[PDB]
Amino acid sequence: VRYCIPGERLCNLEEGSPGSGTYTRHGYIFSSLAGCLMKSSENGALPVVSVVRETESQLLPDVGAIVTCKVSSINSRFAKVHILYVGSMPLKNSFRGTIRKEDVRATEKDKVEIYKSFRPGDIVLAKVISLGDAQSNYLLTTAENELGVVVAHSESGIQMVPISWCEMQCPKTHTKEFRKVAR
Amino acid sequence: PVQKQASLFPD
Amino acid sequence: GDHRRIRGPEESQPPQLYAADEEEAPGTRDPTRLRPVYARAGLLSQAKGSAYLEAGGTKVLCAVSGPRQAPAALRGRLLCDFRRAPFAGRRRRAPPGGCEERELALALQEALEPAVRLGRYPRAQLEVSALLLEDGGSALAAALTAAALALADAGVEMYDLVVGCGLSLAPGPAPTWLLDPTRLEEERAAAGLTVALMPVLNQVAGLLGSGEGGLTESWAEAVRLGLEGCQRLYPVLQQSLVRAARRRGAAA
Amino acid sequence: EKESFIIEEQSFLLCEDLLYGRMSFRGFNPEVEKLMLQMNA
Amino acid sequence: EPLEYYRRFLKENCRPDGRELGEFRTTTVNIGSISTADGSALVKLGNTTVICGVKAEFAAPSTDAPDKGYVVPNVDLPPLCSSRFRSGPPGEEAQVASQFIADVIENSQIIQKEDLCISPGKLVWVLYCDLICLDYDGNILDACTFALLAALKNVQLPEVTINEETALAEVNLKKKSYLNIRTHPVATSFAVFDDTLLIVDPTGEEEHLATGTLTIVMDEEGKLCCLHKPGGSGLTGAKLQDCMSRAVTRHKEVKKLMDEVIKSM
Amino acid sequence: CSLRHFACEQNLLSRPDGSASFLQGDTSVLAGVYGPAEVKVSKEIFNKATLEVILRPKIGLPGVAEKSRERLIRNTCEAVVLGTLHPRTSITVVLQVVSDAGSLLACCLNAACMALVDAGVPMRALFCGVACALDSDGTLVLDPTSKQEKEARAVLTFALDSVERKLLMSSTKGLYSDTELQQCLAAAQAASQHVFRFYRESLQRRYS
Amino acid sequence: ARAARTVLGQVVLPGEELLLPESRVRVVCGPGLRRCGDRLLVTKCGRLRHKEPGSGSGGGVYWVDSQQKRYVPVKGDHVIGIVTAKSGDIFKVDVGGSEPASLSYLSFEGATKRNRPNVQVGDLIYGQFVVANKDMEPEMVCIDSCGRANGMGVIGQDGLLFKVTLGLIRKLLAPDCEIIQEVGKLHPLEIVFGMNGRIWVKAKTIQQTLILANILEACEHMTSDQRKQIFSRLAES
Amino acid sequence: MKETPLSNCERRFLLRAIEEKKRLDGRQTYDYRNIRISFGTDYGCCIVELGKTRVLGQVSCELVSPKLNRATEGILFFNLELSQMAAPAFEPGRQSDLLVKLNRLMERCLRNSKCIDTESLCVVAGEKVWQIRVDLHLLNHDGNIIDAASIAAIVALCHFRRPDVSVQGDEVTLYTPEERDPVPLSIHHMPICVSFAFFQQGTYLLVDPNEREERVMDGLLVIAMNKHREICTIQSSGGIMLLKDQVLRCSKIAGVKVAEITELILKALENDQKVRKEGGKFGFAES
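Those protein sequence lines, which keep their order, are chains A, G, L, Y, R, X, C and P.
Each residue of the first sequence is one higher than the last, beginning at 5 in full-length UniProt numbering.
Each residue of the second sequence is one higher than the last, beginning at 630 in full-length UniProt numbering.
Using full-length UniProt numbering, the letters of the third sequence map in sequence onto residues 3 to 72, 89 to 270.
Each residue of the fourth sequence is one higher than the last, beginning at 53 in full-length UniProt numbering.
Each residue of the fifth sequence is one higher than the last, beginning at 9 in full-length UniProt numbering.
Each residue of the sixth sequence is one higher than the last, beginning at 26 in full-length UniProt numbering.
Using full-length UniProt numbering, the letters of the seventh sequence map in sequence onto residues 17 to 38, 61 to 275.
Each residue of the eighth sequence is one higher than the last, beginning at 1 in full-length UniProt numbering.
Just so you know, these hints were derived from the structure itself, not from any lab.
Do not take every clue at face value.
Unchecked claim - Here are the simulated SDA-like pairs of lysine to any residue, each with C-alpha atoms no more than 20 angstroms apart in a straight line: (1) X:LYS68 - A:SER76; (2) X:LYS65 - C:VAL63; (3) X:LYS172 - X:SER161.
What the hints assert, rightly or not - Just the calculated beta-carbon pair ranges, DEER-fashion: (4) R:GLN120 - A:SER160: 45 to 55 angstroms; (5) L:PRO114 - R:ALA73: 35 to 45 angstroms; (6) X:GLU77 - L:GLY229: 46 to 56 angstroms.
As the list claims (entries may be wrong) - A short list of chain C residues far from chain P (calculated; beta carbon distances all over 12 angstroms): (7) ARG21; (8) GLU32; (9) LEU79; (10) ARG85; (11) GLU90; (12) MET174; (13) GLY194; (14) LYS201; (15) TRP238.
We put the beta carbon where it would ideally sit given N, CA and C, even for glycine.
Hey, can you work out the whole structure from these sequences and the hints?
Now the structure itself:
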């Protein structure tokens, strides 16, 4: 174990290769961060050096993921969300995703309707597909019956229960709201 | 250069 | 009258100017000497990275509000706000300033842009905020070093660290270059200078100077002297960062 | 087998009956006159 | 899911940090850390931090009260405290806190402005007390008041004289004089959740997700200087007398602390 | 009575959504409300309406004290006004001090409430504002005059609610004690009863 | 917190809770009311009012006849609008609310890509909302669901558009209004009432149009003197 | 927020009704709206409302060190604020053009016309002089401001009274309104502006335009006048091409209009004095 510093060299190119958090100058590698270094080894015997600030080491929500999020803004076209839990490990770096109109149910019907599936201020979980290019806009999908809304607060302040596939109700009083209930 | 102690932010 | 601060008096002059005395002169000392340095990174909590540096009567903070969305055009930015607390220095100045704060801010930006690599921070602006709690000598150099520490702490990428050093000139008959001076050696001085470099690759990043006088050879000797001082200072900062990283490893 | 007992509405129509907005008096746009005859009963 | 996660602890009569809903966090000070200033005081409540520097200058009084030495506070919440502040002029919170500090200085009457007049109608002191936040983890008013009081006890001023021949005043920076302060106002904070749940010394999140806040300044001789009650879910005197009691307790504690410090110098 | 002749008037101004001139004795404030309207992405917040108050006297410029007072009013209104109904919009409350004869906040609050009413903005409960002045002898006076505020050692502005007559806001000048706080609070509750009766009379005669 | 039946013609003020009699019979919460448990919170000052359906099972309905100026996008309301711009397929129209509503180039009666409608910026419209909610921008349309514009579409031109209070409309559109009936006898006209306090009028000449607009914006409290005054003026135009 | 856009319907209807010389509310072209002048309790406050446009005016005094160029005569400080209650668009620090033009125009009109005596209000030539500031606030915005702002400033500066002062050498003694009776100001002549609005490049001209008429006009001619027919200022704004005869005619109009407004103002002050001389802290005048 050794903690490194943004100026100190680490190794020749002949004794390793840059993985991340480094840079190269004449015949040498030079760190670029205050953190811990690690030289992984492939079956090829040539090491890959890298440097990490394990405070927030690294996370990546990949395609076949199951990620929760919160519905902030909506439109007749799409509904935007913020990423909270990638799997079960939260991430203070809240990424921002989107859910399209058709990419809401496995049936793919155009008859779907956002305002009867989602509302601003409820938690869902979905599967990402596209990472995004410019703004890293995650595009999430809920084309499955065990997906979508799980918790949803009532007209004013009550948490509702997922009665059926597209119905939810508050336990205190009686009122049938419409969402894309999960499971 | 030798060091000193924090007159303001000791640890 | 400012309507965003408390109604104080129109004007207010300090008492010192109404004093009657010949202030004490330092005298003699080892020109190639350095003050005792206390540098620690990781002080502040609500900031992605922070650093604190004390060298004599000098006491400086620096914080780094990290990447905040805002090739050669999709290249990062860093905007630096230098600011001396109104309770530093013999005289008081309203918080705003507008004369020398901005000059030293330009200095910080010109000395940091080189070290930092901004290709890896596109469409982003790093808000660096320095604060000078007490002036006791070389100030701009301490601020450069502290901003470097805070950046390296928040984990922004770089090429090397930034080490500063301030020099003055003795107005005596045999003028010698005084290294890392005090506010007294600096107000009773003829010329002042400030170097800042990246010691691994041995490259200046931003310097500055001024003079009641001087000459080429003298300025050159000053430069090399400041370089040697920064070299001799670097290891302290290294150890400070290592220590903060160890504390992080301890927390989890 | 439960059902809502009170529902929140924000329409002054259920609340109260109202005629058809666009109307006309003795000649202007007789199309609106047949619309009046139609929607007001 | 922050609020829920927090109600769980609240109903377990605790908090997610280890505080028993009625106690503060590690309170510490440092006096005389700064030479360029007449008075200096660093305060920190765990993560929260504040620093007061009080400078002394000369100035001409008004015409309504020649024998009044001004005391001008100004609070500074620079962007390095928290990201909710931006480089520029002062926002709203800084200004509110400034007016709070001034109201305190003026009502508690810790200091007699008359004790700052040298030559009435011609000169009088002006004490520029500049406070600076450095970590806004919460409860900044308590820290501000406490640092103000600490530095304002540390401050020792020079002595001046007048010469009729020269018609000017001279200072003697060798001899000095402390500054008399009569009352020792301490501030105690509260966060009021939905109806009846009052927590003391609320940190950042606890103030973000709260229905209301409250602050109460409690002088030593069983009196109050300010009851800062900006909005809130409401209160009855029964949820208020308890706060006053706890404020008295905090007064005792911090005054003992400050005495120990001024005596450890 | 324990407090002085005080009147109000609604729908003065044509351009603003709702307006109210509230005067008591010789202090007179004028409030104008711009109901749910536009708001930029920086000021707004989902699931709530952004309420912004701007108070401006009739002399000089607004400094710091007025900003504090308008924060107090802002948060009081956020306490009563329903805003989870009108998210992503801005309610705006403008206050102008036609006259100043003490009991200022006790007038601004009443005017703000009446304006919010006239603008048909969803409120959870009316609120009111009174001011009680403790002279040196402890004898308190409700709805004071500038003389009574200068000749006194404590002054206390209380913003109360209508449903359960609680304490929504308190702004104090001077230094006081506990028992005095409690007793002046009770007297404030009685005065608030009277003020609410007055509101009802005014609106009864307005809808006729 | 008492006798919903005894204050059905009285002035209620916000904060007031009122409760209703009963196993029970479904009812509906009006616009200016709100539900707290099994009680009715009041949210707007008003002369309370009640109604019951011709049947005996429907229960009833309650509301408050609150007067005001600002409008809120509601569903199933006929509304005048002012096209503010056009973005590609949809063009945005103002209503007088929080944010501007949206139309679609193929919502007008008989329109497609090869047949677009004549809508120019600044043009005024008479549509109705199909999605009016607090969480999403409101979309409107100028065609009944069946597929015919039963009076909707662009208004036209050569008229006067003014603005009045909403209660004034809610009163005028009543089938038992006297002013708008008496006006049908003096000189002809044709007018659009928009539930957002915005009114459109047309007649033959202009003097008449102006007299008419003044009447309407004053008819809430006109005196018999001014009443017959403006009536005589119309008779002399 | 933002101002609601203007429909082509209203625009065309207005232009036509102008062509036919028909205003909306029912008045002619050479007519103002019923202007009311109401007073407050404190000497120096006036709320003047013409039709729907209400404007408030307060007048305050101070004693201060004068400026060296004029160490004999005092100072005067105008300021007009456009309160957000006047209209939505009037956010702080946004509609600055209107503020600038109004304030410069009003300063010019009152100050440089020498309406008051900046000399009479001297106390110590070189050390202490008066300082009269006047803060106008716009409450409701329906049409014509400059006229309202000016009528307000004038009613104030004619309904204001200073704390009397005695002096001997350098000994200056201020006194309270209860110890002596405050002294009024010194006016020479009361100017009040008059606003004309041009439609169709110059063909049509209106007086006291409403808000819509200000939105469908291309040009604005302000003219300051007195009861003695003395031009104090005239200004053209809106980028419009007028001629000579137009300004001549507009001036011959402003004459009569200002005479009448002045008669009213004087009646108002008379009535207010009568009231306070009978018990009552108000004063009211109607056009």
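- [ ] Would you pick out the hints that fail for this structure and give their numbers low to high?
- [x] 2, 5, 13, 14 and 15
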